[PDB]
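K.L.:
Next come the chains, spelled out residue by residue.
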Amino acid sequence: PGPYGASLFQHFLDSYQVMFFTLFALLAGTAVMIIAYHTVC
Amino acid sequence: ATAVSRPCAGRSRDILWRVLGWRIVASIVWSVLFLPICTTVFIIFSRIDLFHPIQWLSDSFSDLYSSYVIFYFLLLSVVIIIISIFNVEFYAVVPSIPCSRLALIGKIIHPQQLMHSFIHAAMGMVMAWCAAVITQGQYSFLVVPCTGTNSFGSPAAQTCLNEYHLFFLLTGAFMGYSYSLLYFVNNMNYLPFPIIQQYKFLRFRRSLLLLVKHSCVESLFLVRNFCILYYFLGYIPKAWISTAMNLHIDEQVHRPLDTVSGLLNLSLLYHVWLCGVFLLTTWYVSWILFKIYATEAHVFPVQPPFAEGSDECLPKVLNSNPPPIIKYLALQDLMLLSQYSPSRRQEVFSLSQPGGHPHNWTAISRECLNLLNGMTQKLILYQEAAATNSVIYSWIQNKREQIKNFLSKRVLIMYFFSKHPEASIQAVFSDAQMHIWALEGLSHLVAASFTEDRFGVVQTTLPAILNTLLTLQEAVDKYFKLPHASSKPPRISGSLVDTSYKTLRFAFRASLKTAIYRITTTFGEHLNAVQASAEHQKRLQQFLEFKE
Amino acid sequence: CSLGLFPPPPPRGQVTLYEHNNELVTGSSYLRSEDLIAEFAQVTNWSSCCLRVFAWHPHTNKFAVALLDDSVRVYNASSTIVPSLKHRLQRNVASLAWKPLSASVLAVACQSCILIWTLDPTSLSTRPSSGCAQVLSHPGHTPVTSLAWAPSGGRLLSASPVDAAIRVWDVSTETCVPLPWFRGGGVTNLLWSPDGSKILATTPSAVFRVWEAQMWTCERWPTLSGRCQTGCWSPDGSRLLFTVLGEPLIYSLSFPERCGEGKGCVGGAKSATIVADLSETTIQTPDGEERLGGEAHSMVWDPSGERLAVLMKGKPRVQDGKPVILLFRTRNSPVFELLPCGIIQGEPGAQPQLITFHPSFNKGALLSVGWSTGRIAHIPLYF
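Chains as they are written, first to last, in the deposited numbering: chain 10, 1792 to 1832; chain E0, 2 to 390, 516 to 674; chain 40, 2 to 31, 134 to 486.
Okay, chain 10 solo, but in the shape it has when bound:
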């Protein structure tokens, strides 16, 4: 046990549902901020 090495890869498994939820929220975001597009730009 360090302070370190170990926060990388455990949290990547602990938080995987939040990582996918935030990825899908950013993809919905960016889609849901492109649709407001080809009739005001």
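The set of hints was computed from the structure by calculation and includes no laboratory data.
Some hints here could point you the wrong way.
[As the list claims (entries may be wrong)] In silico BS3-like links for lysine-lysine, alpha-carbon gap of 25 Å or less:
# : chain 1 : residue 1 : chain 2 : residue 2
1 : 40      : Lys366    : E0      : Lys328
2 : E0      : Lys614    : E0      : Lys525
3 : 40      : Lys466    : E0      : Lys673
4 : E0      : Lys664    : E0      : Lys607
5 : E0      : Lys201    : 40      : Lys366
Take the given structure of chain 10 and dock chains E0 and 40 to it, following the hints.
P.N.:
The following block gives chains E0 and 40 in isolation, referenced to the frame of chain 10:
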């Protein structure tokens, strides 16, 4: 069930995403792209030796490429993405000014602003955790093995609470809470558009030096205030966490931070201040980038290049009553096109086939006149409100008002309910920037039509324009005679937060006189043929003769 | 054009009264902060002249005059009452600028601040109160040498040779927006184009910078031998005249109109042009050889674009180093022309200290001349 009947609440968001939001995504990407520059600088400042400067640099780079720093960097990037999303939920185009001290308290106690304060406190605790790990050493871990039990008797290696790591985490939570409180108190959620548009890199390179100076001073005040808070309350988290985890306390190796001679530890105070500088600087970089991208101009076509794009078009955008950031961007473009592009003025004066009607002008002028008359009535209703000085629901109202009229009679509570005159005056003009651009837009188009309007289209509405401008100038010059309606608010020069909204009422009175003077200087004596009221003609002569 | 194409100066003791039929009719009468203001003032001897600045109001027969005592006086053709402006911060006045689209607002450049005076246009008291004087200042922007309002009345600019950033002021919101560039010197003079789309900014160095009022972009002009001393825009904003200290040359630089979308670039032609020479010539007069030529210290164009007045300063081998006023006739279309008209001359022993045109004179043009005698003359040019 029940996917039917709300299409307008798509299209309106489906006009906002177009525009404002590749601008959001670019702001988020740049906020993450500055994070390596903040973490490199944080590691270089936390590793300072003054005696071995070559090893200080060596070992700062040795940590930088370590797999453990590449993690906390990915975790910190998620924190900066979420803080950038919270700037996109909580923004305001009109400043939410509290007209009384009870309205300021009622703003802070609002459940969405409380939610923002809890989420920023959690993100401040996570960012301080990453930082306390990034600094290594005594700041490492919340739990540490007891460095004293040479007493042969059991081999369970005993666990102490790391009070320094607890002080780091709790400072991070207090800094995140304090940032959220300051965000709604200073109106940092306000988007003041710049009086001068400028390339993004110059606008940022100028603000960054002011920001790093502000973060350094604000971190020093937050650490000083937290040091006082911990001296009165630090025992409560300390005793709650030791009991909740059955952790011991090392009364032999470490002086407790409840004591003035532990809490004055200069190495702790330096690394905790530096953590607060990294926190405030990365969070304010996200806010400044968002504020730059969300107050960059936009250009709206006046005539549609293709029929399907025509929701796009400036005259339809204005009339649609769109989200206030779009209605502000459209009026900012109207104020830019009317000064700086003759071809886009000829798009406004053009007659739309087949029917020969000036639909572009008669949309733009009509909504500018709606806004100006809306401000005239908003001023009249405030002058009147300055000259005048089932049974359960009406029972609740009568009890609420009997309670007001008992609470107001108590000096200590009158001191909270009192309507600050300056704040109520600033609340009337809180949206006046929209009305300045409608006015500057229209009065430039009325100045240009004297050489560009081959159809006389603008001279058909000139009498109605002059009537609404003169009756608005009357409402402004009846209003500016009121007590405190003429006094200028005291300003601090070089603040990172802007205060333009406080003086904006003098800008509206100044722009209205220049807008009337512009029209009297382009039409001159031809205005003597204009049908208007005898008091309005008598004022129009005073703007020809230069008497105002 | 060249000085060898001018008609002779008027015979010694006559004064030029007016222009008529294109002829000039004559008759018998009508550093520290302070040395740094004297290096960059529009007045040929600012440190000894009684008169430090003159400025017409952009629409009315009203004018402002800065004096050696740091008074500003205001005169009006419809008032015998002359207001005397004196604030506690009013010291070493360098520039005056009236606000366009306003009867009542004057900006004043001082050693320590800018003063915006408000003057009640019907009730012109002899000494208005120190409350009628809004103070603007910024740490390091001192002394202020030049002031320039935008034609639309909503923005003011200020210059300081110490400060590597033009200061834009909104006088109504009381905001200050520096425009910092990356080395070169500070700012000496500032001139808007009449459209309000462009701004010339000069420096103490052999570089000037032109700016765009839409996107606040900057276009650099570094192939000069000396400093840009003075310049003037054409009435359409399509041409900029300028002169270089050490060169007897009037340059002209063109800017074609934005028949195209999508970029803030200031948009000048890749080269300037030489249009008039001011080299050291002789002219024959009834009084002998007169010698003419030197350096153009000030240039002012009429609102109509038909008359350019040039305040030349002789070298100390030519008329003892006296200043002289040249009058050119100008054309802006289809070609840019400078034709000679003649030489403007005053009281025997007076030297021209300042020149400027009237902005709203309904009978050709009207040239205000400030003389070393402390007299102001107003010379009409009838066309």
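K.L.:
For every hint, state whether the structure bears it out.
P.N.:
Now the hints, each set against the structure:
1. For the hint pairing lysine 366 (chain 40) with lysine 328 (chain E0), the CA-to-CA distance comes to about 24 Å; that is within 25 Å, so the pair holds.
2. Annotation: proposed proximity of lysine 614 (chain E0) to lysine 525 (chain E0) is violated, straight-line Cα distance about 40 Å (limit 25 Å).
3. Of the supplied pair hints, the one linking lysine 466 (chain 40) and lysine 673 (chain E0) holds, its CA atoms being roughly 24 Å apart against a limit of 25 Å.
4. For the hint linking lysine 664 (chain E0) to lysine 607 (chain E0), the alpha-carbon distance of about 21 Å falls within 25 Å, and the restraint holds.
5. Distance hint between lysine 201 (chain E0) and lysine 366 (chain 40) is fulfilled; the C-alpha atoms sit about 14 Å from each other, no more than 25 Å.
The structure shown violates just one earlier hint, number 2.
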